[PDB]
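Novice: Given next are the chains, with one letter for each unit.
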Amino acid sequence: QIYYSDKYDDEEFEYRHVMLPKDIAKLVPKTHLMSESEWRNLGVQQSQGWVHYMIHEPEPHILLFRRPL
Amino acid sequence: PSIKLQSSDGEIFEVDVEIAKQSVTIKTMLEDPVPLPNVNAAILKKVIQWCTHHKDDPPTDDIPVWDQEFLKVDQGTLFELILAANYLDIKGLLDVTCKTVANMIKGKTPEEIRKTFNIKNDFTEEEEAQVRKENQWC
Amino acid sequence: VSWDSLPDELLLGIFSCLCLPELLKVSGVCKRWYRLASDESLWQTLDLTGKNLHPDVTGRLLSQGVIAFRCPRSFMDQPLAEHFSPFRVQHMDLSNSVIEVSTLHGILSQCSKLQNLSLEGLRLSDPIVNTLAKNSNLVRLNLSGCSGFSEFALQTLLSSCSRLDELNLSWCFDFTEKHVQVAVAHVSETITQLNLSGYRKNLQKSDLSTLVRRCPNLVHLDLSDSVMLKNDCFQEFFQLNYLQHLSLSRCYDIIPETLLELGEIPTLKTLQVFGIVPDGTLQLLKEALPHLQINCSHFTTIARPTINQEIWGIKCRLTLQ
Amino acid sequence: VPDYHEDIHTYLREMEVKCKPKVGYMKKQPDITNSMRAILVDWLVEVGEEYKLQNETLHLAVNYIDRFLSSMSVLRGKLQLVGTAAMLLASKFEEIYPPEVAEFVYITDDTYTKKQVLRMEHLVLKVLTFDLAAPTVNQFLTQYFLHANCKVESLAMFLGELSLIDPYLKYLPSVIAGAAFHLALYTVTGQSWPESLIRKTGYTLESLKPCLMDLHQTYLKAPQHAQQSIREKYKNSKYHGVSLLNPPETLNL
Amino acid sequence: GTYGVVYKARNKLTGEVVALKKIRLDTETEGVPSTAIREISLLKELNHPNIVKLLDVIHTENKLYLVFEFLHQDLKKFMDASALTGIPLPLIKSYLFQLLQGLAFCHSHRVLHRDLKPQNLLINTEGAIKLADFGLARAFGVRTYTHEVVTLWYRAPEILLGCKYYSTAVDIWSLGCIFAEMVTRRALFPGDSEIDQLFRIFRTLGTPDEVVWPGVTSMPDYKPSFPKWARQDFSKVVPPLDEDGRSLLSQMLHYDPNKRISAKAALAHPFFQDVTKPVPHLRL
Amino acid sequence: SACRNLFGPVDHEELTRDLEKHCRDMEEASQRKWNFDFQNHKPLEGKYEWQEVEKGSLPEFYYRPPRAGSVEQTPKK
Numbered sequence: 005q006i007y008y009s010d011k012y013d014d015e016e017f018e019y020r021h022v023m024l025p026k027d028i029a030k031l032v033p034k035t036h037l038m039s040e041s042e043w044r045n046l047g048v049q050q051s052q053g054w055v056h057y058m059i060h061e062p063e064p065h066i067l068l069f070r071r072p073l
Numbered sequence: 002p003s004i005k006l007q008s009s010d011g012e013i014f015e016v017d018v019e020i021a022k023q024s025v026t027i028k029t030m031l032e033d044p045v046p047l048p049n050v051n052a053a054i055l056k057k058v059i060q061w062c063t064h065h066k067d068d069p070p082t083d084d085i086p087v088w089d090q091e092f093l094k095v096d097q098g099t100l101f102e103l104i105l106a107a108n109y110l111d112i113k114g115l116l117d118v119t120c121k122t123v124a125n126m127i128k129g130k131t132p133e134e135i136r137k138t139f140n141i142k143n144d145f146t147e148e149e150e151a152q153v154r155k156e157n158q159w160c
Numbered sequence: 095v096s097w098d099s100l101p102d103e104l105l106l107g108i109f110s111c112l113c114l115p116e117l118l119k120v121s122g123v124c125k126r127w128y129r130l131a132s133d134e135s136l137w138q139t140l141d142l143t144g145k146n147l148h149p150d151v152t153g154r155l156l157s158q159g160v161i162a163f164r165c166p167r168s169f170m171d172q173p174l175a176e177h178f179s180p181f182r183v184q185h186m187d188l189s190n191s192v193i194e195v196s197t198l199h200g201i202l203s204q205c206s207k208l209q210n211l212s213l214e215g216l217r218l219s220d221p222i223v224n225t226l227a228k229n230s231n232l233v234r235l236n237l238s239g240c241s242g243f244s245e246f247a248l249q250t251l252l253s254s255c256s257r258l259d260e261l262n263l264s265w266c267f268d269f270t271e272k273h274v275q276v277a278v279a280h281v282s283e284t285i286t287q288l289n290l291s292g293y294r295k296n297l298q299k300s301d302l303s304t305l306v307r308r309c310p311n312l313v314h315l316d317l318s319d320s321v322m323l324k325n326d327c328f329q330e331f332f333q334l335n336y337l338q339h340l341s342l343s344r345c346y347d348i349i350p351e352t353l354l355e356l357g358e359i360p361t362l363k364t365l366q367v368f369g370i371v372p373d374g375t376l377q378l379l380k381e382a383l384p385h386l387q388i389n390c391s392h393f394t395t396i397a398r399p400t401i406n407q408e409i410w411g412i413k414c415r416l417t418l419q
Numbered sequence: 175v176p177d178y179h180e181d182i183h184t185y186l187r188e189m190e191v192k193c194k195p196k197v198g199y200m201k202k203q204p205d206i207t208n209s210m211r212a213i214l215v216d217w218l219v220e221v222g223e224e225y226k227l228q229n230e231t232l233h234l235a236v237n238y239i240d241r242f243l244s245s246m247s248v249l250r251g252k253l254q255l256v257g258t259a260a261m262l263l264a265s266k267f268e269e270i271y272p273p274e275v276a277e278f279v280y281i282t283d284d285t286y287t288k289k290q291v292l293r294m295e296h297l298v299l300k301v302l303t304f305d306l307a308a309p310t311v312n313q314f315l316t317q318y319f320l321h325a326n327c328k329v330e331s332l333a334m335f336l337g338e339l340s341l342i343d346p347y348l349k350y351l352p353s354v355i356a357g358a359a360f361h362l363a364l365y366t367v368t369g370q371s372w373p374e375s376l377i378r379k380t381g382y383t384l385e386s387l388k389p390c391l392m393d394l395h396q397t398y399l400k401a402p403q404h405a406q407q408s409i410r411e412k413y414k415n416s417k418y419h420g421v422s423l424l425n426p427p428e429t430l431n432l
Numbered sequence: 013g014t015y016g017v018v019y020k021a022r023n024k025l026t027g028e029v030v031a032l033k034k035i036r037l038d039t040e041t042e043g044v045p046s047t048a049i050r051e052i053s054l055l056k057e058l059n060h061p062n063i064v065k066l067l068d069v070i071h072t073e074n075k076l077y078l079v080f081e082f083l084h085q086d087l088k089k090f091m092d093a094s095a096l097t098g099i100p101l102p103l104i105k106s107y108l109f110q111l112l113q114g115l116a117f118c119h120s121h122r123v124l125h126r127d128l129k130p131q132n133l134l135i136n137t138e139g140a141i142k143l144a145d146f147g148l149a150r151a152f153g156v157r158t159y160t161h162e163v164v165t166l167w168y169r170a171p172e173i174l175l176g177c178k179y180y181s182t183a184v185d186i187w188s189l190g191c192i193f194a195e196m197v198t199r200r201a202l203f204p205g206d207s208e209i210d211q212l213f214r215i216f217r218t219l220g221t222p223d224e225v226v227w228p229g230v231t232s233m234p235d236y237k238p239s240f241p242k243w244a245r246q247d248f249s250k251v252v253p254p255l256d257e258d259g260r261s262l263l264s265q266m267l268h269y270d271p272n273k274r275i276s277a278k279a280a281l282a283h284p285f286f287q288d289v290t291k292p293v294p295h296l297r298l
Numbered sequence: 027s028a029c030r031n032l033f034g035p036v037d038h039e040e041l042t043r044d045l046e047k048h049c050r051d052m053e054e055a056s057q058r059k060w061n062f063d064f065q066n067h068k069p070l071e072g073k074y075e076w077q078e079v080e081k082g083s084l085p086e087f088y089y090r091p092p093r181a182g183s184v185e186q187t188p189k190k
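Residue numbers (full-length UniProt numbering), protein chains in the order written: chain A, 5 to 73; chain B, 2 to 33, 44 to 70, 82 to 160; chain C, 95 to 401, 406 to 419; chain D, 175 to 321, 325 to 343, 346 to 432; chain E, 13 to 153, 156 to 298; chain F, 27 to 93, 181 to 190.
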């Protein structure tokens, strides 16, 4: 269900986005961003350093993480 | 009981004490015929009407349509009515008149506002550019 | 009729019914209305959610006398060039906003009556925290994700700040054992809720013991992603007399069934332990201790202004939809 | 960008004539009257303003009504049904989120059932030969406005709708558009038809003099008409409430 | 498997190609669909060799039969068959000639296509290519219309950033994408979702800002937290293509809609003033 | 307020009869020019050679339907 994407990057950060099914999607907060504790409690599976760095308004069910090099 | 209110030129209108109790000034006054030399009888009768329609009230923002139609008149008496409502200090009436004026100002350009309200413009042709500069982030 | 003859309190009562765009528009009518467009009672509560803006614009607006400034996820990537007077803001939200270090330093070097702050996601440094030391009235604070400052800075901040009610010093990605040690050593004594998650290889039972022996008033606590907390830490929390919502989620060193013993602390209400409990065994834990709430809310509340556009229960009147 | 504006102008000028309805059609029908066409269009604009539609929807709906009645006999009880069908077709063509068939079978006080409306739809699509993209005046007005104050356009559209309320069916939609635009311009600011429009559409003031005076006299007689649904609709500040203005007594041609 | 029945009619005619198209009609729900009405009306109004013609409309009680003009092969399968050898350049140029002619005609007659994709382009066995799928067409007079458009792989940044007006410069962008994948046999922007599509377009053409796109930072869905990508080499984007085509693509895939060349402006390009007329190489 | 009656009800069965008789024009010329029973979806004697080409040949457009452990790391997928 939890669909991941490849890594694409510029010279300074490395990014990733993740798509979620409906049930997890309907929980994402519309007000504040998240923290690693928070999205691990959601059910993401990835490393240390990934930061949830914005929300795309038209489609809330897509998360965007980035981390430095 | 009742009380006889006299306007600026002698139009003594008798009104129930429980109606004039709306006017906070008159309320605290009957705590301890009278002329109200700041109100002409014309506006005073409308004030009495508004109080009577509201006499048993509980005690945007959904202007009651009764007041709205009661407010469907031009500038001059609206001006005078607001001033009188202040002078007698009746809460809801001044509230709704203020809201009406606010909404009628809503939307129009500074030129239209200046024309309709008969405001003498000043300090122009060099500073309006600056004050507009103070408003880009809108 | 001469509506310019209107008295000032009547004019203000009129203007207290508008919306920010029109309030701006009318300011350009005549000098008296220009004065009355800014009378420190119209500018109680501002709102600039996501709007891009400029340092001088926000400086002027704050100097006008704002109280509750809500500006989350807004972008301020330009240098501040003007000076001001000490501001009057009391609640400030800046979560996740992309701002410059120099601009943020300049802005914060004026506010002193901060009753409530937020700085989630941002990046700080030594001058910023040194200036922030002045705020001797911080009820709340929130520094999640921030990074860059130093141990001397942290200890000075925590010493100067005495009334700190809730603290969320979470997830920072440059800390050290020194950082967490000096933190818990100098934490104020009234901390009702505190978060210290993330610091897996820096949280130690000695420091947790120091915390539980210094502060007796923890009510909400979380230590998520801590990999060196054992059941001795367990009995540590047993000295806490007000822990109502603990969450040790993904604390690996804890064997699941000792969680049953947590139910034995009297004043507990919830326990979020995501990660450790194998599925199905959640029902086992519920049966073992059915007087609690396990895994019923994913999201934190420790000094988060918004969880509902109202910041911290306050309503912003001047807004932009 | 003018990369297509003149070409579309010429195309519309060519199309407005092929779909031009017959003028004297109304006498051929046995039991309907021009008074009755006015009553239908009055109720129709009422219903249209109810559902929060667009004016071009009404333009195309009344155009379909005209082109239909000009070719088919009908009893008076079916006029409302045909008008509802025409408005539904116009909404389906132009409007974004079309009001459903349920709303239109409801607004008629259920004097008709759904299947009757569906069969009328079959019939009207059959007779119209599935050519519904007819030009209307409103497009010409909007094109003219490119060469602009909101009140001017509101008045111009007002006059166009007044024209469609009732000798205008003899003039082309472009003709009536020019007449309404010029008369509204004179009424609001007294300025005259600029040269560039004459270069564009080839129309001069002299050609539009007759429809101009027809529009002027109808403008004078409008405020005292038996029906003021368009007037009360245009009493709102959305149209700037401009329906209450004075009709100028005599032009300065 | 693959349900359906279709009929043909081939007796005596130059354009002897015909084909019947039936569409199911549910009687008591919304009646005739809006798409059917829009397609029928906007289609029986246009005549051109580079556009499929309609011959008659058959309206039964519960079924609609449309006497379309038959054709042999679309472009998806055509590229797939020659996905390893490539397509001759003059064939591409002639196909683009017919496409631009059709686009100029459609935009001159006040009709938007809004659904261009190589599944809606049909070629004949002689080199003529015609458009189809006028079900999304609408008669524009510029207002605000329907805000769900062609297809994620061929949309334009105007709609992705949720703009309010999308006047007839989107079909040009779609044509650019189609021509580029014609040349390189690779879809330029194979998006996963809308945000991935934006990121792909950025990484290919560099992050937009005020200098390149005027008034972009004021669009509803712009957030400077975007990656800071720079416009990469244009030649490496489409390697096997010459300089003249490189230019034409550069002014044919530009951000600002007003700074994007229209149909008739493109008709007079050098690369494009040279026009041949080959025939298709594979079976149709 | 818009919910009003203009003329009250009138017969509808004669309306059905009238509309169907109006529609009874597209039955002769259909068979005349196109030699196909569109009502019954059936071909006819010819002059238009009716075949059944299978869907694998013609482009799809002609039949398109309308619309302790648990380390904090990244395990790949």
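There may be inaccurate statements among the hints.
Label pairs and their in silico Cβ distance ranges [claimed, not checked]:
(1) E/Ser-181 <-> B/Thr-63: 57 to 63 Å
(2) C/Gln-138 <-> E/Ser-249: 46 to 52 Å
(3) C/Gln-419 <-> F/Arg-50: 56 to 62 Å
(4) B/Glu-156 <-> F/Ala-28: 43 to 49 Å
(5) C/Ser-391 <-> F/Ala-28: 29 to 35 Å
(6) F/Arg-93 <-> B/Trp-88: 35 to 41 Å
Mimicking SDA-like on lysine to any residue, the simulated pairs with C-alpha atoms at most 20 Å apart in a straight line are [claimed, not checked]:
(7) E/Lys-34 <-> F/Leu-70
(8) E/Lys-178 <-> E/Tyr-269
(9) E/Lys-20 <-> F/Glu-78
(10) E/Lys-89 <-> F/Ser-83
(11) B/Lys-137 <-> C/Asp-259
(12) E/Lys-20 <-> E/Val-44
(13) C/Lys-125 <-> C/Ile-161
(14) A/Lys-11 <-> E/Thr-97
(15) D/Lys-202 <-> F/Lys-68
(16) F/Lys-81 <-> E/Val-29
(17) C/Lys-207 <-> C/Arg-129
(18) A/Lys-30 <-> A/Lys-11
(19) E/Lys-273 <-> E/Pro-292
(20) B/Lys-142 <-> C/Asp-259
(21) E/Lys-242 <-> E/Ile-275
(22) B/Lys-57 <-> B/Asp-96
(23) D/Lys-300 <-> E/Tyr-269
(24) E/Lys-34 <-> F/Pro-92
(25) F/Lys-81 <-> E/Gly-13
(26) C/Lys-295 <-> A/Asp-14
(27) E/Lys-65 <-> E/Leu-78
(28) E/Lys-89 <-> E/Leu-58
(29) C/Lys-145 <-> E/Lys-273
(30) C/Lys-380 <-> C/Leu-416
Source of the hints: derived by calculation from the structure; they are not laboratory data.
Heads up, the beta-carbon is just placed ideally off N, CA and C, and yes, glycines get one too.
Novice: For every hint, state whether the structure bears it out.
Specialist: Do the hints match the structure? See the list:
1. E/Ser-181 <-> B/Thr-63: 57 to 63 Å: holds, 59 Å
2. C/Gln-138 <-> E/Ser-249: 46 to 52 Å: violated, 59 Å
3. C/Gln-419 <-> F/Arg-50: 56 to 62 Å: Taking Cβ atoms as reference, C/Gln-419 and F/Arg-50 lie about 58 Å apart, which means the hint holds.
4. B/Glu-156 <-> F/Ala-28: 43 to 49 Å: holds, 47 Å
5. C/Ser-391 <-> F/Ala-28: 29 to 35 Å: Violated - the Cβ-Cβ distance for C/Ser-391 and F/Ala-28, about 49 Å, lies outside 29 to 35 Å.
6. F/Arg-93 <-> B/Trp-88: 35 to 41 Å: violated, 52 Å
7. E/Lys-34 <-> F/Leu-70: The hint holds at about 17 Å.
8. E/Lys-178 <-> E/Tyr-269: Judged against 20 Å, a Cα distance of about 16 Å means the pair holds.
9. E/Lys-20 <-> F/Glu-78: The given pair, whose Cα atoms are some 7 Å apart, holds under the 20 Å limit.
10. E/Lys-89 <-> F/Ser-83: This hinted pair holds, its Cα atoms lying about 11 Å apart.
11. B/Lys-137 <-> C/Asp-259: violated, 55 Å
12. E/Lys-20 <-> E/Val-44: violated, 25 Å
13. C/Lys-125 <-> C/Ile-161: violated, 26 Å
14. A/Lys-11 <-> E/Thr-97: Roughly 32 Å between the alpha carbons, so the hint for A/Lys-11 and E/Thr-97 is violated.
15. D/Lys-202 <-> F/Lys-68: Given that 20 Å is the threshold and the Cα spacing comes to 41 Å, the pair is violated.
16. F/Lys-81 <-> E/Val-29: holds, 16 Å
17. C/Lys-207 <-> C/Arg-129: violated, 26 Å
18. A/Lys-30 <-> A/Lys-11: violated, 25 Å
19. E/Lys-273 <-> E/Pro-292: Roughly 32 Å between the alpha carbons, so the hint for E/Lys-273 and E/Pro-292 is violated.
20. B/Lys-142 <-> C/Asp-259: With Cα atoms ~54 Å apart, B/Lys-142 and C/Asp-259 exceed 20 Å; violated.
21. E/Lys-242 <-> E/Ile-275: Measuring from Cα to Cα gives roughly 27 Å; hence the hint is violated.
22. B/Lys-57 <-> B/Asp-96: holds, 14 Å
23. D/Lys-300 <-> E/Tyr-269: Roughly 45 Å separates the two Cα atoms, so the pair is violated.
24. E/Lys-34 <-> F/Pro-92: holds, 11 Å
25. F/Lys-81 <-> E/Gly-13: holds, 10 Å
26. C/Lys-295 <-> A/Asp-14: It is violated: about 30 Å lies between the C-alpha atoms, which goes past 20 Å.
27. E/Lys-65 <-> E/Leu-78: holds, 11 Å
28. E/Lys-89 <-> E/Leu-58: violated, 27 Å
29. C/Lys-145 <-> E/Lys-273: violated, 27 Å
30. C/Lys-380 <-> C/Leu-416: violated, 48 Å
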